[PDB]
Structures are given as structure tokens and as C-alpha cells.
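Asker: As a plain string of letters, each chain reads:
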Amino acid sequence: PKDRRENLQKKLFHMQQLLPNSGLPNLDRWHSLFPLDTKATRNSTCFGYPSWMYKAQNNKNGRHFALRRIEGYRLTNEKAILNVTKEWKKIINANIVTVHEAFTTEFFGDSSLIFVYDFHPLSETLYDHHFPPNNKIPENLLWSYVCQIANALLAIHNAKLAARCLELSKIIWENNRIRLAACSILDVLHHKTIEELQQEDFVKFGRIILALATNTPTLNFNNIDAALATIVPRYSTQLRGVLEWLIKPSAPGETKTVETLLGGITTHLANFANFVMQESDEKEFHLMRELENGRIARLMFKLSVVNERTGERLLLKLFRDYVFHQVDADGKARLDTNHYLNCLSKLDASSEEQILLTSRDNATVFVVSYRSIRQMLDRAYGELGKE
Amino acid sequence: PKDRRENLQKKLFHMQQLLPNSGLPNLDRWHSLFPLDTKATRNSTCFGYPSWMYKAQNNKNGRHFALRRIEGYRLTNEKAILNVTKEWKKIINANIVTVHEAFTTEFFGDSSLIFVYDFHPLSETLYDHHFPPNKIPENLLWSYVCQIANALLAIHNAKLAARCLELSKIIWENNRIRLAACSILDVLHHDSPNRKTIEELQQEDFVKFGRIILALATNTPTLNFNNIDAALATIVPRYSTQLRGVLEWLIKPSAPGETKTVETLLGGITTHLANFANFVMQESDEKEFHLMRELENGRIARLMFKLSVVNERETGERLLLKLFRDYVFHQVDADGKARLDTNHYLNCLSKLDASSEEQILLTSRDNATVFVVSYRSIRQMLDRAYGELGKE
Ligand SMILES: Nc1ncnc2c1ncn2[C@@H]1O[C@H](COP(=O)(O)OP(=O)(O)OP(O)(O)=S)[C@@H](O)[C@H]1O
Ligand SMILES: Nc1ncnc2c1ncn2[C@@H]1O[C@H](COP(=O)(O)OP(=O)(O)OP(O)(O)=S)[C@@H](O)[C@H]1O
Numbered sequence: 235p236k237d238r239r240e241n242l243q244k245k246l247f248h249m250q251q252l253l254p255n256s257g258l259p260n261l262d263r264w265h266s267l268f269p270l271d272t273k274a275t276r277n278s279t280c281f282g283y284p285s286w287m288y289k290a291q292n293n294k295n296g297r298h299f300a301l302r303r304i305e306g307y308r309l310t311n312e313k314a315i316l317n318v319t320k321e322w323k324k325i326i327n328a329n330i331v332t333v334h335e336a337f338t339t340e341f342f343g344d345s346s347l348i349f350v351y352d353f354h355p356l357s358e359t360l361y362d363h364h365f366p367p368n378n379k380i381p382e383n384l385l386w387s388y389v390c391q392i393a394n395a396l397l398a399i400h401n402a403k404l405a406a407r408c409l410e411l412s413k414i415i416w417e418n419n420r421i422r423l424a425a426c427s428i429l430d431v432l433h434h440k441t442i443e444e445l446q447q448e449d450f451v452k453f454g455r456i457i458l459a460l461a462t463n464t465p466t467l468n469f470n471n472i473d474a475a476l477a478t479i480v481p482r483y484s485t486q487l488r489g490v491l492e493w494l495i496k497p498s499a500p501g502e503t504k505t506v507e508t509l510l511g512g513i514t515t516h517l518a519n520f521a522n523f524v525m526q527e528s529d530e531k532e533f534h535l536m537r538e539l540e541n542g543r544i545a546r547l548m549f550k551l552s553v554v555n556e557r569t570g571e572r573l574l575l576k577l578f579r580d581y582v583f584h585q586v587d588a589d590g591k592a593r594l595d596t597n598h599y600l601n602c603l604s605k606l607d608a609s610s611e612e613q614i615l616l617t618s619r620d621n622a623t624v625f626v627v628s629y630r631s632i633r634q635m636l637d638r639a640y641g642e643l644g645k646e
Numbered sequence: 235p236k237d238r239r240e241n242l243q244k245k246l247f248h249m250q251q252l253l254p255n256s257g258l259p260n261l262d263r264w265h266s267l268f269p270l271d272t273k274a275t276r277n278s279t280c281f282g283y284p285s286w287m288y289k290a291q292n293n294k295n296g297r298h299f300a301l302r303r304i305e306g307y308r309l310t311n312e313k314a315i316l317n318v319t320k321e322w323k324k325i326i327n328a329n330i331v332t333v334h335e336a337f338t339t340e341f342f343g344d345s346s347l348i349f350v351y352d353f354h355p356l357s358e359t360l361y362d363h364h365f366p367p378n379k380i381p382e383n384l385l386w387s388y389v390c391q392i393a394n395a396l397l398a399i400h401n402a403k404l405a406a407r408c409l410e411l412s413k414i415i416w417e418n419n420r421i422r423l424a425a426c427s428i429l430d431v432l433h434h435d436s437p438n439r440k441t442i443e444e445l446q447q448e449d450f451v452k453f454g455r456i457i458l459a460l461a462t463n464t465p466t467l468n469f470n471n472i473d474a475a476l477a478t479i480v481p482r483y484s485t486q487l488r489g490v491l492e493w494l495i496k497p498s499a500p501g502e503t504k505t506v507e508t509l510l511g512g513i514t515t516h517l518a519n520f521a522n523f524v525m526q527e528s529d530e531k532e533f534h535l536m537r538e539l540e541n542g543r544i545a546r547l548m549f550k551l552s553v554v555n556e557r568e569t570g571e572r573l574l575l576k577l578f579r580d581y582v583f584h585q586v587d588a589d590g591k592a593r594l595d596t597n598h599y600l601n602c603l604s605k606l607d608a609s610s611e612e613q614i615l616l617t618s619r620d621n622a623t624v625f626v627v628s629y630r631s632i633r634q635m636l637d638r639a640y641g642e643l644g645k646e
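Chains as they are written, first to last, in PDB author numbering: chain B, 235 to 368, 378 to 434, 440 to 557, 569 to 646; chain A, 235 to 367, 378 to 557, 568 to 646.
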């Protein structure tokens, strides 16, 4: 479908996107740096330092990656990078943006620390997404968020680690898929036990969901119980119950763990697993249909290698003119992308439909089907492979 | 990849796939019936009647569906088909082959009852897959447990039961399993003495659940009543203790003080549902990269469309596009023989599509002149020339 296709068109387009007038310094291992930031203002609330986001191409493999730059940071200990990235690089999770390495650079005309993450096109912060630069969220979507975050914490926690940074602005959204996008950063900048940090995780978890449910971006100390009571008419009591459990501190004799929360999740984990599957299935049928592009592109390779290098190949020449050199009555071009598309669709299927191939010298004209032409193309292409 | 390319084409070929000499009769709304039974033998153990499987194309929408034929069933009551399919038609679940309708027909030269299901290409029965005509990994077994649990959850919350729960009636396709005989016994037992309650029937599901997994785990197709506890102690060394505990919980009838529900099983599974959920998600992501690649192919094809339109329509700035085409596809070796290289073709057009800043050398027909040019420059010459033809 169209929305799915235009989403994919927007993803591929974001990756190629550049800014011809931009002046950002090329790194030793990176080039084509592109800004990901959506506003012109930066605060040090999130990191303790100003932050910049960029899309860049790797010089060695050419793939695109995301770089989070921390402004005004000087390395005072090579252990702070090495003792953190050694643990976080290993963590691979569908709801955590994977980090690869961390290094300092001086190319920004200052001292910056640079983290590399997987680049996810069209990702926008969960904050900006539910609170635009200027109603209520379905409960199902809220449960989608809880399950995804639960999946992440289970894995982080299975590594004797903690998220530390768990906020609306550091979780990326892309078609209802959310990921933790600031991992391993506070781990480095700070050099306090992991368990208490793990407990704060549950707390930060709760405020994020609570914020979305009550439609309030900024969160205060005073309404952890007030805003908790605004959700009972709009949402189920089960929802309010989970939020209450994550956010409230005590857990007096047996402290909060992810494994205990899961039974709390229950059907939504099963339901959720069902949803991702319905989605993986829908992509499967959508994939098979696109396979034609590969079949069509591969046909164009063959036709172009053969053309213009005589014989049976004359028809193939006459065929290209038929597909692409069509003109209107005044001599004006009859550009029709659909025509290009439909000829090749028919060529790929070895369609039995017939066409008229007039030579430049009009004395001879060939009546032929797409099937025959298709068989002719592979033939000529195969004879070039013999030598 | 080779496997990814080959698996998906095998799906599309199977949906369209034919057998001309079959002699099979078109129904009131269906045509082009293609047989799916892979074996030459039929027993009436599963349904009580011989069964036949077909793929058929719908007369109205042209889409393919699977039809399970029950040979020799005479309709004695319409309430049997309405009362059942109205509840099951409502259920949409990824581990359940969705059922649409049920009707009788006489086109087979007899009395047949027909169920229509969604058609899932390249599907094979869980039985034939693991027991064809060394250990099954534990990860895969939990995947089956999670999927079946997912199905039972949806079924049970609909005040229904699986009824049909066997290896031969579950289809496997790339580690994805689905129940493929649902709503049938609902019909075939719709009219019989001593009916069990949906509550009692729901309990049998759990028992059949355990036996299926147990069967895969003990790698014994045939399972007997005497080894429900015997075959159960062989898996603690091969498999984890959690797994044995769950099978025991599912299979044993007793439900000693309370009877078993899926909601209770779910909490028993715990991390394995997350593991599974995490896995399906990553696999769904990989399809996204393959998807984008194919969409990319569309962009490459659209570039060559433009390029083919311009070429042989020249000199000037279009002479370079002509020379670019020679550069990409008319490459020859030192001997003079053609140098076919799809990779060369591929990487050139990728660079053309990205408006790469990389430069390449374009030699003219006459070996005297060579153009130092970038893909970006080539790209801008290409789009500029293509736009100027729509202007006239
Ligand atoms: N792995 C990633 N892949 C792609 N885009 C990403 C990735 N991680 C982050 N982003 C993008 O980078 C941005 C990071 O968020 P920020 O720009 O720091 O939020 P912000 O609030 O606008 O800026 P502040 O206030 O200075 S933290 C998001 O808008 C995402 O779109
Ligand atoms: N809903 C379905 N969609 C696609 N293929 C299906 C479906 N249901 C069953 N099949 C295929 O049916 C084939 C065999 O059908 P079955 O009736 O389940 O087994 P069988 O051994 O051929 O027949 P009997 O009578 O049980 S011995 C399997 O290889 C499956 O791929």
C-alpha cells in the first residue's frame, strides 16, 4: 500500500539527504556529516553538556551511521570509554539503539566526545512525536510502549547494567517502534551502585508512560499521585496499576525486577508478540511484490549491455526505441514512466501480448510478443558470456 | 541473499503453480484447483472422514485460498455451519489459519463439505517436517510453545476450543507454526451425544499441547498413553528443567485443585515470550532492509529508464551520458572479450542514484578523448536532460 510505500520512500530519502551549503568537519573515519537536530536550541539538562546529532557515512564501508556529539568534553581517562563500550557494544536488542564505539576528536574546533549508534531513518523523539512544535493516545499504543521497554530492560539488566538515560527525548520513534537511543553515554561521563540505578530505571519508565497517558510533557514531583488519578476514566485500572507499580519506590522486602513485571504484562506481551508477527507477515507479502524491481532492473542491465555495442540484436534495438523513444505527433516526447514500467513488467513475465517493431528503414516491420523478445534478450546476453 | 532470493520466489511460484491434467471441478465461486496433499495415502483418524487439500483461485477477487475437502459428509443441519463459522470468522490471529466460510458441494461426484482457509505458500505439516519419509534445539521448541500458547489465548477468550490439535494439522513454514484445521470438529461434532463443554474441551487443548511438544522433544512420532511420565523424564537431561515442568503442567490431566487456563501458562513461560517477541522483531527488521533494497532497485530502474530514453534519441552534454552508458555496460577485457559484471552495473547505478561525488573516467569511441567526471555531475546532466524533453 501507498502509506507503507511512502514511508519506505521517506526512509531511503533521509539516508541520501545532504546540505550543499553545510560546513561540518570531516572526521578521520567519517564523511558527509548531516544534522539530525530538529530545533535550533540546545540545553544541558539531558547530558550536562550541549549535544548535537548527525548522520554520517563510514569511510571504510560506506554505510550511514548516527553520531551523538557531546560538546565541550575533554578525555581525562581512557578507561571511561573502554570500560563502557566493551559492555554496551555487546548488547543487541530490538528496542535499544546499538552502540559501536566512542572516541574524542578536535575537528569541531573544540573538544568533543563522539558516540556512534545504528542509524534509523525517519526516527523522531517520542516527545516531539506526541508533543509537536506548537486529545489522547490509544491505550493499545501505550501497552506497545510498555512491552518494548520491558524487553530492553530485561536484556540490559541481564548484563548487570542499567539504562541511566530513560526519557522521552532519548527514545526514538518510527512507525510505533521505539528504541532506547542514548545508551552507554552516562556510563562514560560518570567516574554509586548499579542496583539503585536499575531501580531509577523503573521510575523513569513509569514517568514516561504516565506523561503520555495524561498528555503532559513536563513532569513534576507533586503529581506522581495526582496525574496517576487522571487515567482511571480514560484508561483501564490495569494500566493505572502497572504505572503505579513502576513509579512508586518502596518494594520493601523484595525490590522491583523486570521478571516480576512480565506477569503484570501478560496478555499484552502475548498480544504484542501477535502484532509484530502480523506486521512481519504483511511485509512478507509486500516483499514478494517488490521482487519485480529486481527482476525489472536486471532486465535493463541485460538490455543495455546488449544494445549499441547487427543481427537478431536489431530487434532488441528496435525494442528499446519502442519502450523509451516514443514521441507525440509534433515530435514532442511521449514520456510515460508507466509505459516504461508496463513494458518491462510484460518483458519479465514473457507476456504473450504482441507489439509492432518498425525499423528506421520502414521497408521491414517485425510482429513480435514480449515473450519472444525476452527469449531473444537472454540469448544475446548469454553469447557475450561465452567469451 | 541466495536463500532469501530463493525462498520468496518459491512462494510466488507456488501461488500461481498449476497441474493441467488433474481433472478437477470448478465450484460455484472457485477455479483452477491445485492439489496440496504430498502423500498418496489417506486415513480418517484426524477428522473421521477422508480429507483432501487444495489451492484454488476465487472467481470474485482472483486471490488464492486453501480448501480442505472432507469427503463423504452429508448436511443434516444448517445451524451446524452458521453457528460455528460466525464465531471463528471473527478470530484473526497469526498462529491461526484464518477461516472464512463452510459449504457443501456435489462437484466431486459425491457429498463433500468444504472449508476455506487463508493460503500460506510453502507450508508443510509440523509432522512431515520433523519426521520425514542430533537434537531439536530448545530455542525452537519454546518458539512453538509460545506460538501455540498465543493461539490458545485467542481461542479460549472467544469461549471456544482448538478441537483439532495435532502435528499433521499444524503447518510449519520457516519456524512459524499455525493451526490449520480449526472450526472443523466444531462442525463434525456439532451433532453428537455426550458433548463436552467448552470448558472441558479447553482443558483437552492443554493436554494435546503438551503431547505435540513432547513428541518433538522425544523425537518419537507415535506417542502412547503408557509413556506420559516415561518420555517426560528423558528431557530433563536433553532440555532445561523449566521446559520439562511446563510440559508436565500442560499434559497431565489432573488440574488437581483448579483447572488450567492459558493466562496461567503465560506467566509460566515468562522470559521465553520476550525472547520470542525480541526475535520476531529482529527478523521483521531484516525484511525491512531487504524491502528497502528492492525499493532501491526501483530507483535504479527509473534511472536507467531516463538514461535509455536519452541515449540514441546525440552529442553535446548528452554525449557524456552516452559515454557513461558505454562505461557501465560495454566494458571489455584486455583481449577484447566482454566483461559481464552485474556488480559493476549495480555499484555504478547506486553511485548514480546517490549523486556520488566520486569521479570516473569516460573514454570516447575515439581513444583520443577522456572525460574526468563525477557521478553527481553525471546525475545532474542526466536529470537535466530528461526534464528538458518534457518541456518541448
Ligand atoms: N540511532 C539513531 N538513528 C537515527 N536518528 C537518531 C538516532 N538517535 C537519535 N536520532 C535522532 O536524533 C535526535 C536526537 O534527539 P535530540 O535532538 O537530542 O532531542 P532534542 O530535545 O531536540 O535536543 P536536546 O534538547 O538538545 S537533548 C532525534 O530527533 C532523532 O530523530
Ligand atoms: N492452510 C493451508 N495452506 C497451505 N498449505 C496447507 C494448508 N493446510 C495444509 N496445507 C498443506 O497440505 C499438505 C498436506 O496436507 P495434509 O492433509 O495436512 O497432510 P496429508 O498427509 O497430505 O493428508 P492426510 O489425509 O492427513 S494423510 C502439507 O504439506 C501442507 O503444506
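Treat the hints loosely; a few may be bogus.
[To be verified] Heads up, simulated DMTMM-like pairs for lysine to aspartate or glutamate below, C-alpha to C-alpha not over 25 angstroms straight-line:
#1 A:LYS244 - B:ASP529
#2 B:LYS531 - A:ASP589
#3 B:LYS324 - A:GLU240
#4 B:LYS323 - A:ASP620
#5 B:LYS294 - A:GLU540
#6 B:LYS379 - B:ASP529
#7 A:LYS531 - A:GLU240
#8 A:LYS605 - A:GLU646
#9 B:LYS245 - A:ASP637
#10 A:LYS531 - B:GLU312
#11 B:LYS605 - A:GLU556
#12 B:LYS645 - A:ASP589
#13 A:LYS645 - B:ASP595
#14 B:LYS452 - B:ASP529
#15 B:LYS236 - A:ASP589
#16 A:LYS550 - B:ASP637
#17 A:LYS379 - A:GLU417
#18 B:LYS273 - B:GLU321
#19 B:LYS289 - A:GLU530
#20 B:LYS236 - B:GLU417
#21 A:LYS550 - A:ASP473
#22 B:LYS531 - A:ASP435
#23 B:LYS236 - A:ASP435
#24 B:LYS244 - A:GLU527
#25 A:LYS452 - A:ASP435
#26 A:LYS591 - B:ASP637
By construction, these hints were calculated from the structure, which means they are not laboratory data.
Asker: The structure should be examined with respect to each hint, and the outcome stated for every one.
Answerer: How the hints compare with the structure:
| no. | hint | result |
| --- | --- | --- |
| 1 | A:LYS244 - B:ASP529 | 16 angstroms, holds |
| 2 | B:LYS531 - A:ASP589 | 47 angstroms, violated |
| 3 | B:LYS324 - A:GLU240 | 32 angstroms, violated |
| 4 | B:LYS323 - A:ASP620 | 54 angstroms, violated |
| 5 | B:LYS294 - A:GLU540 | 22 angstroms, holds |
| 6 | B:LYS379 - B:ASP529 | 29 angstroms, violated |
| 7 | A:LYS531 - A:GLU240 | 14 angstroms, holds |
| 8 | A:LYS605 - A:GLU646 | 30 angstroms, violated |
| 9 | B:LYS245 - A:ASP637 | 22 angstroms, holds |
| 10 | A:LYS531 - B:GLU312 | 39 angstroms, violated |
| 11 | B:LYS605 - A:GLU556 | 23 angstroms, holds |
| 12 | B:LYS645 - A:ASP589 | 13 angstroms, holds |
| 13 | A:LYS645 - B:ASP595 | 14 angstroms, holds |
| 14 | B:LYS452 - B:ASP529 | 33 angstroms, violated |
| 15 | B:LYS236 - A:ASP589 | 50 angstroms, violated |
| 16 | A:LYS550 - B:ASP637 | 22 angstroms, holds |
| 17 | A:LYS379 - A:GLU417 | 19 angstroms, holds |
| 18 | B:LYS273 - B:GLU321 | 32 angstroms, violated |
| 19 | B:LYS289 - A:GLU530 | 21 angstroms, holds |
| 20 | B:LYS236 - B:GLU417 | 17 angstroms, holds |
| 21 | A:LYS550 - A:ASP473 | 71 angstroms, violated |
| 22 | B:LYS531 - A:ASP435 | 41 angstroms, violated |
| 23 | B:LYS236 - A:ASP435 | 48 angstroms, violated |
| 24 | B:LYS244 - A:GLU527 | 21 angstroms, holds |
| 25 | A:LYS452 - A:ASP435 | 23 angstroms, holds |
| 26 | A:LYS591 - B:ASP637 | 18 angstroms, holds |
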